[PDB]
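**Q** Produce the entire structure from the sequences given, and follow the hints as far as they go.
Now for the letters of each chain:
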Amino acid sequence: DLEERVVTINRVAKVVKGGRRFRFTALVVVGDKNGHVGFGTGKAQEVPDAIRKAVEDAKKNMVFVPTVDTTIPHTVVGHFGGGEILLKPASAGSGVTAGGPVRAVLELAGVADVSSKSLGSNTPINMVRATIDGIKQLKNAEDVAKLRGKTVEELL
Amino acid sequence: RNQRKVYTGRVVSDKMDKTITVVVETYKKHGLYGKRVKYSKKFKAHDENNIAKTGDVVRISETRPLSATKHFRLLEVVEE
Amino acid sequence: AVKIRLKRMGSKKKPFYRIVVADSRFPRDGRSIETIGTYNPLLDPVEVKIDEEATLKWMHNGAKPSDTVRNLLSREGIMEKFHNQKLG
Amino acid sequence: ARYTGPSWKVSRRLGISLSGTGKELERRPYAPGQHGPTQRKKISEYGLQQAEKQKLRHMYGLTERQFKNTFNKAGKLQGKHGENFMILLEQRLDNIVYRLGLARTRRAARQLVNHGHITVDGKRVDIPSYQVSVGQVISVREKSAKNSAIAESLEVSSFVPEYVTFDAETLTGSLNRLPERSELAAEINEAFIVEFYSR
Amino acid sequence: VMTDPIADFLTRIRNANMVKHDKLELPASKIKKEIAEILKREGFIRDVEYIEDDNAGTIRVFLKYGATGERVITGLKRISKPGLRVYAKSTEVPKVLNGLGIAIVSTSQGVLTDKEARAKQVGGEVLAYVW
Amino acid sequence: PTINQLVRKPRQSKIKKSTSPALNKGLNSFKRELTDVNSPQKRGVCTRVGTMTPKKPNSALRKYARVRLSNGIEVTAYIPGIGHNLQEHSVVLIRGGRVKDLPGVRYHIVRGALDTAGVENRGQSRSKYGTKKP
RNA sequence: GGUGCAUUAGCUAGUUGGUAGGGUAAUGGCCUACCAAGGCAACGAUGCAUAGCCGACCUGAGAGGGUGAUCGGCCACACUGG
RNA sequence: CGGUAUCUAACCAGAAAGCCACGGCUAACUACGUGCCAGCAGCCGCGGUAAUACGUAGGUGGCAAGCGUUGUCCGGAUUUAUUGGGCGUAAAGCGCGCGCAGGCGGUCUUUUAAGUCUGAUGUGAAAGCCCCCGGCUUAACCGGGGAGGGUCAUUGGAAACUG
Ligand SMILES: [Mg+2]
Ligand SMILES: [Mg+2]
Ligand SMILES: [Mg+2]
Ligand SMILES: [Mg+2]
Ligand SMILES: [Mg+2]
Ligand SMILES: [Mg+2]
Ligand SMILES: [Mg+2]
Ligand SMILES: [Mg+2]
Ligand SMILES: [Mg+2]
Ligand SMILES: [Mg+2]
Ligand SMILES: [Mg+2]
Ligand SMILES: [Mg+2]
Ligand SMILES: [Mg+2]
Ligand SMILES: [Mg+2]
Ligand SMILES: [Mg+2]
Ligand SMILES: [Mg+2]
Ligand SMILES: [Mg+2]
Ligand SMILES: [Mg+2]
Ligand SMILES: [Mg+2]
Ligand SMILES: [Mg+2]
Ligand SMILES: [Mg+2]
Ligand SMILES: [Mg+2]
Ligand SMILES: [Mg+2]
Ligand SMILES: [Mg+2]
Ligand SMILES: [Mg+2]
Ligand SMILES: [Mg+2]
Ligand SMILES: [Mg+2]
Ligand SMILES: [Mg+2]
Ligand SMILES: [Mg+2]
Ligand SMILES: [Mg+2]
Ligand SMILES: [Mg+2]
Ligand SMILES: [Mg+2]
Ligand SMILES: [Mg+2]
Ligand SMILES: [Mg+2]
Ligand SMILES: [Mg+2]
Ligand SMILES: [Mg+2]
Ligand SMILES: [Mg+2]
Numbered sequence: 001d002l003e004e005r006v007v008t009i010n011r012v013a014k015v016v017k018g019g020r021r022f023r024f025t026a027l028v029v030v031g032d033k034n035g036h037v038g039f040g041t042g043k044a045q046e047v048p049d050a051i052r053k054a055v056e057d058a059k060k061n062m063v064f065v066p067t068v069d070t071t072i073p074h075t076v077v078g079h080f081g082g083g084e085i086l087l088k089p090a091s092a093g094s095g096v097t098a099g100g101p102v103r104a105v106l107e108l109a110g111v112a113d114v115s116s117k118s119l120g121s122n123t124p125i126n127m128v129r130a131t132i133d134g135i136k137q138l139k140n141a142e143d144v145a146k147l148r149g150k151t152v153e154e155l156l
Numbered sequence: 001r002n003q004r005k006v007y008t009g010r011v012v013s014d015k016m017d018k019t020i021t022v023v024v025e026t027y028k029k030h031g032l033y034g035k036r037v038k039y040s041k042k043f044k045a046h047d048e049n050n051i052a053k054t055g056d057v058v059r060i061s062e063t064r065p066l067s068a069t070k071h072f073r074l075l076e077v078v079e080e
Numbered sequence: 001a002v003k004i005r006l007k008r009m010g011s012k013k014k015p016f017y018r019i020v021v022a023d024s025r026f027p028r029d030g031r032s033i034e035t036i037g038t039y040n041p042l043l044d045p046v047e048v049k050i051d052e053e054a055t056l057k058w059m060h061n062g063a064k065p066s067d068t069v070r071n072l073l074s075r076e077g078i079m080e081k082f083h084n085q086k087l088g
Numbered sequence: 001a002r003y004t005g006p007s008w009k010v011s012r013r014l015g016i017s018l019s020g021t022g023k024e025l026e027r028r029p030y031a032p033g034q035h036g037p038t039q040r041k042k043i044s045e046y047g048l049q050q051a052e053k054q055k056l057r058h059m060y061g062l063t064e065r066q067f068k069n070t071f072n073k074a075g076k077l078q079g080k081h082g083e084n085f086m087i088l089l090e091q092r093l094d095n096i097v098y099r100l101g102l103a104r105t106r107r108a109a110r111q112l113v114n115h116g117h118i119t120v121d122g123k124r125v126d127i128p129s130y131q132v133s134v135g136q137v138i139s140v141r142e143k144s145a146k147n148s149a150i151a152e153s154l155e156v157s158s159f160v161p162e163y164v165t166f167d168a169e170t171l172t173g174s175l176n177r178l179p180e181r182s183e184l185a186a187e188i189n190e191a192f193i194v195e196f197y198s199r
Numbered sequence: 001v002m003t004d005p006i007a008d009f010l011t012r013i014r015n016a017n018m019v020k021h022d023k024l025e026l027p028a029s030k031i032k033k034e035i036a037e038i039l040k041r042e043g044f045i046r047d048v049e050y051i052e053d054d055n056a057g058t059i060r061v062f063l064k065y066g067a068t069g070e071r072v073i074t075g076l077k078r079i080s081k082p083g084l085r086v087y088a089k090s091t092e093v094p095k096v097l098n099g100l101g102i103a104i105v106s107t108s109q110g111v112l113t114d115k116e117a118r119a120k121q122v123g124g125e126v127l128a129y130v131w
Numbered sequence: 001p002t003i004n005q006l007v008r009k010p011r012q013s014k015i016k017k018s019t020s021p022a023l024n025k026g027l028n029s030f031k032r033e034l035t036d037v038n039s040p041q042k043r044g045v046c047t048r049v050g051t052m053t054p055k056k057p058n059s060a061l062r063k064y065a066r067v068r069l070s071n072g073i074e075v076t077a078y079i080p081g082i083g084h085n086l087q088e089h090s091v092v093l094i095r096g097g098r099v100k101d102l103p104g105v106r107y108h109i110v111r112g113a114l115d116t117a118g119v120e121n122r123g124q125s126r127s128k129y130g131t132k133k134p
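Residue numbers (my numbering), protein chains in the order written: chain A, 1 to 156; chain B, 1 to 80; chain C, 1 to 88; chain D, 1 to 199; chain E, 1 to 131; chain F, 1 to 134.
There could be a bad hint or two in this list.
To be verified - Derived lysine-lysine pairs resembling DSBU-like cross-links, with alpha carbons at most 30 Å apart:
#1 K14(F) <-> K35(B)
#2 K20(E) <-> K28(B)
#3 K77(E) <-> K28(B)
#4 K77(E) <-> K9(F)
#5 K41(B) <-> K9(F)
#6 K63(F) <-> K29(B)
#7 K40(E) <-> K146(A)
#8 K28(B) <-> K89(E)
Honestly, the hints are just simulated from the structure, not real lab data.
**A** Now the structure itself:
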C-alpha cells in the first residue's frame, strides 16, 4: 500500500479545423515512507482519469533511496535538461527544506531531514527528473567499502 | 638593541648625487580571487661614495629621514 | 597625575563600579590604563575584588587612591603592605 | 487571559479537542462560520504548516511574539529543535499549575498564577511565563488556601503526569525531572513547526 | 602546449572510465608515481606497473570495476590549477564526499591523503579530489 | 573569464533606478541647489485639478491633480476614494505609489493629512482614505 | 589596508639631490645662498566628483552587499579669513 | 530622587480592543446596491442590469495596544556567477596577421628558503555577537569568566609543491 500525491494538473490543447480540443495532464509522485518512491505522467479528457493513468505509470519508475540516520549519506547534484537540484544532508530535527515538487519526492521517500536548492528552471516535470538524477548518485558507506575492498571502520 | 628594517632590491637610476633609486619587487595575493600579483614600489637610498651602479642588486636599511624623500641607506652591493 | 578611581556602570538606580587606573584629565567613563577590580555597593555586605598586586605596583609609581578607594583598600588591607614595603 | 474570546470554536477550527475532549466532538465537529456545515476545500502546503503552529499557540494559550521568542531560545540547546520546543514550553508556570490539578483549564491556571495565589520556594510569583526548574517546590502560601474554586478543581483532576509530584494536603508541587517528548501531546507534528519558521 | 601534466593524469583516467577500458599507459613522472601509488592503497586502481625507457619511462594503470561492471572511480577533479594555486592550513583540509572520498595533499612531509594529513597537523597544496 | 582576465578588470554590477525621483530630493533656498535626501512624504500646492481617461481596455474617468512640490518639481498625483474636496491653490500631502492605468501618474495623494479631507461614509478599510471612526 | 570617472594623459620648479648656514624640544628644502637637472606616472601621476576614520550595525547558509545615528578611541572645526 | 520602589486591609466584573485582508500568489465567502459608471490594483488583471476582485452588511482569517501605507538597505537574484554563468541558431569570438610589456610553462639531480605548512613570544583596548555561571518576583536589562577576530612584528623548525 503506497501513498499518492498529485503535484501539478495542467490543461493542454491542440488546434483542429473547427476549434481547439483540450486535455488534462497530471504528474503524480508515489511511494511508501520506507525508502521507495516513483513518479508518473497521465493524460485524459477528465482530471480524475488523468490521475488514474499517472498512478499506474508511476508504479513503473520505482527507485530506492539510501539514507543514514534519516538523512542522505552525502551531497549530490542532480541534472536533467534545464533543471538541476542540489541535495545536502542536514542535522537531525531540522526537517525537509525543499521547493514545490521536490518536497514530494523526499517526504514520500521517507527522508526526514534534508536541505535542497533548485538552481535551474522551474518546470515541475524537469524538477522531478533532476531530483531522481541525484538519488542515482547516492551511495551508502557499506557498499563503498565493498567496491574499494576496504572495511567500514577503515573508510571513516 | 632594537633593529631597523632591511630590504633588498635592484638599482634603477643613479643620475642624482649621493643617492640611488631601488625598486623592490614583492608578492601579494588579490583580495577576492586569491592570485599572487607582482607589486613594485621604488625607494630612495643614500649612496655614500657613489659605489652602486645602475642595474646592481643591493641591500638597504631604514634610517632617520636624510632628506625630503630619502629615509633608507645603502648597506651591501650583492651583485653587479 | 594618574590615580585609581571608580567607574560607574550599570542601570538606572542600580550602580556597579569597576576600579580602574586612569589620568585625572580623561572622562569618567572613557580612557583608562588598566582595570584592577570591581565594587558592588548595593549588596548589604559590600563585596569587593582587588588584584592586591597591580595596586601595589602602581602606588610605587605615583598613583593615589581617591576618597572611596582608600576606604576599600584599607578595609581589604593592603595599605598596611604599602606601609611596610615603603620603610622596609 | 490574553485571548478572552470563546474558547470553543478554536478547537472546532483546528479540529483537535483541546483540554481533553468535548469541545470539538459531541456538538458540531465541523468548522465555525456560515460555511461550516458544507463547502469543504483542500489544504495547500502553506496551510498544513500554518495549521500546526496554531495548535501549539492556542493549546498553551500564548501570544505570537512570545511564541517566536521562546522558539528561538529553544533551538539554542543541544538536540532536536522541535522536541526541545515542547519541553521548554512545558516548563512554564501556567502549565505546571494546570498539570498539578489546582485549576481546571489553562485559563483558570493562568489567572490563579496572575492573582498572586501561588508561591515557588516560598516567594510570591506573578509572572505566568516563569520557567520552572527541577526540584523547586510550588505551594499556595495560605491566604486563599481553602478556596472553593481551587478545592473544587482538585477533585476533578483525572490523573497526574509522572514528571510532576503533588499531594493534596500541603499542595507542594514539584518537577521530578525534565519531561520527554513522547509523553507530551503526541497529536502535533513538531517537524512542521520548524519548517514553518524556516521559510 | 603542455601546461599541466598532472591534469592529464586526472583526465586520462576519467576518459578511460567512460568506455570501460581495462588499462591505460601514459608518460611517467616522479609526482605521478605517488598519485598513482596512492590510488592503489585505497583500491581505486587494481594495479600499477612501471616501464623503463629512454625518455622518461612509462607507467600503465589497471582500472578496477566491480562485479557486473560498476565503476569504482566515479569522478576526478583538479583543484590547484597553474592559473590559481590553492593552499590549505591544517584545519582547512576538506572531506571529499563526507569521508567517502579522498583528497591528495602535497604536504611538507610528502604527498599523502587528507585523512593522514589531519593526523599530523600539516597543510599543503590540495591536488585532486577522487570519489 | 580566466582569473587573470578577472583581475585586470573586475566585475562591475548593475545599478538600480528609483521609481520615485521627486520624493527623494531636497532643496536649499540659500544656495538654490537641490540636495539629495530621502523622504517618505512631501507636500505642495496643487495648480490644476481634472481628469483623463485610462489606457485600453479600461474606460473610466480618473481624477488627478497637478502639484508643485516644496522642492520645486512639478508632478502629477492621483486622488483615491469616492469624491474629494480639492480645488486649485490647495495644499496636499503626496506619497509614493504608481497607478498602472494612467500614463504619467506616479504618486498618490494621502487623504486626511492636510487641506484634503477624508472620504465620506467609509465603513471599512478606514485607515486608508482617512475617515475617522463613526 | 580600506572610492567613482580615461568621454580626465601627462604633472612638477623649492620641484629632485648635493655643499654651508639659519631655525626647532627634535631629523628633515622646514628656510636661505650656491651647484647640477632632476623627481612622479598606464602597478593609473594629475584633474573633477563624493566622503570624517575605526571598534561596530543591518542583512545573508556562507563568501559578500549596504551603513558609520546612539556607546567607546582618534581627527578637524568654534560667525568668515589672517 | 522621595514617602519613590516595595507590603497588607477592604469594595468593585465593574473604567480598559482596535487594525488590516477573504479570485491566485496567500490563511480566510455568502447576501444586497451599482451596471466599462462609481470605482479597485504589487503582478495577472476585475467592473458592459445574477461581481467570492467595486461600496455596505453578516461570517471568517491574521496580529494585538496595536495594525496598515510610504521611503531606504540586504535577501530571494546563479540577475557581475572566486564560492557560483556563459558566447553555432536566444545578448555575446575582434576580418586577419607580426609581435614589446604581462600571464602560463617538458624530464631528472644537488642546493637555497621568497611563496607554502608548523611551534613559541608580543599585540589585535573597553563595550557589542557567541559559550558557561549569577542578580533584578520572569524577561528585556545588568555583572563575572572565556572564546573568536590579523595576507601583524620577533624568533625556531619541514623541504613535497611554485620560485
Ligand atoms: Mg550598605
Ligand atoms: Mg481595498
Ligand atoms: Mg595609503
Ligand atoms: Mg644641513
Ligand atoms: Mg617641500
Ligand atoms: Mg589624485
Ligand atoms: Mg544568497
Ligand atoms: Mg561579514
Ligand atoms: Mg545629533
Ligand atoms: Mg551659526
Ligand atoms: Mg504613604
Ligand atoms: Mg503583601
Ligand atoms: Mg469581588
Ligand atoms: Mg486559499
Ligand atoms: Mg449584483
Ligand atoms: Mg483580492
Ligand atoms: Mg468587496
Ligand atoms: Mg464586516
Ligand atoms: Mg476578528
Ligand atoms: Mg507586547
Ligand atoms: Mg510599524
Ligand atoms: Mg516599503
Ligand atoms: Mg548575488
Ligand atoms: Mg546566463
Ligand atoms: Mg570558447
Ligand atoms: Mg537573429
Ligand atoms: Mg546573435
Ligand atoms: Mg573568425
Ligand atoms: Mg615574455
Ligand atoms: Mg615545472
Ligand atoms: Mg616565469
Ligand atoms: Mg575586544
Ligand atoms: Mg537568573
Ligand atoms: Mg551585557
Ligand atoms: Mg563579557
Ligand atoms: Mg627538493
Ligand atoms: Mg634546508
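**Q** Could you run down the list of hints and mark each one as holding or not?
**A** Checked hints:
1. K14(F) <-> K35(B): Since the Cα atoms of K14(F) and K35(B) sit roughly 25 Å apart, the hinted pair holds (cutoff 30 Å).
2. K20(E) <-> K28(B): Measuring from Cα to Cα gives roughly 45 Å; hence the hint is violated.
3. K77(E) <-> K28(B): 27 Å, holds
4. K77(E) <-> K9(F): The given pair, whose Cα atoms are some 28 Å apart, holds under the 30 Å limit.
5. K41(B) <-> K9(F): Holds, because 21 Å separates the two Cα atoms, which is no more than 30 Å.
6. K63(F) <-> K29(B): 62 Å, violated
7. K40(E) <-> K146(A): 15 Å, holds
8. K28(B) <-> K89(E): Given that 30 Å is the threshold and the Cα spacing comes to 18 Å, the pair holds.
Of the numbered hints given earlier, the model fails hints 2 and 6; all others are met.
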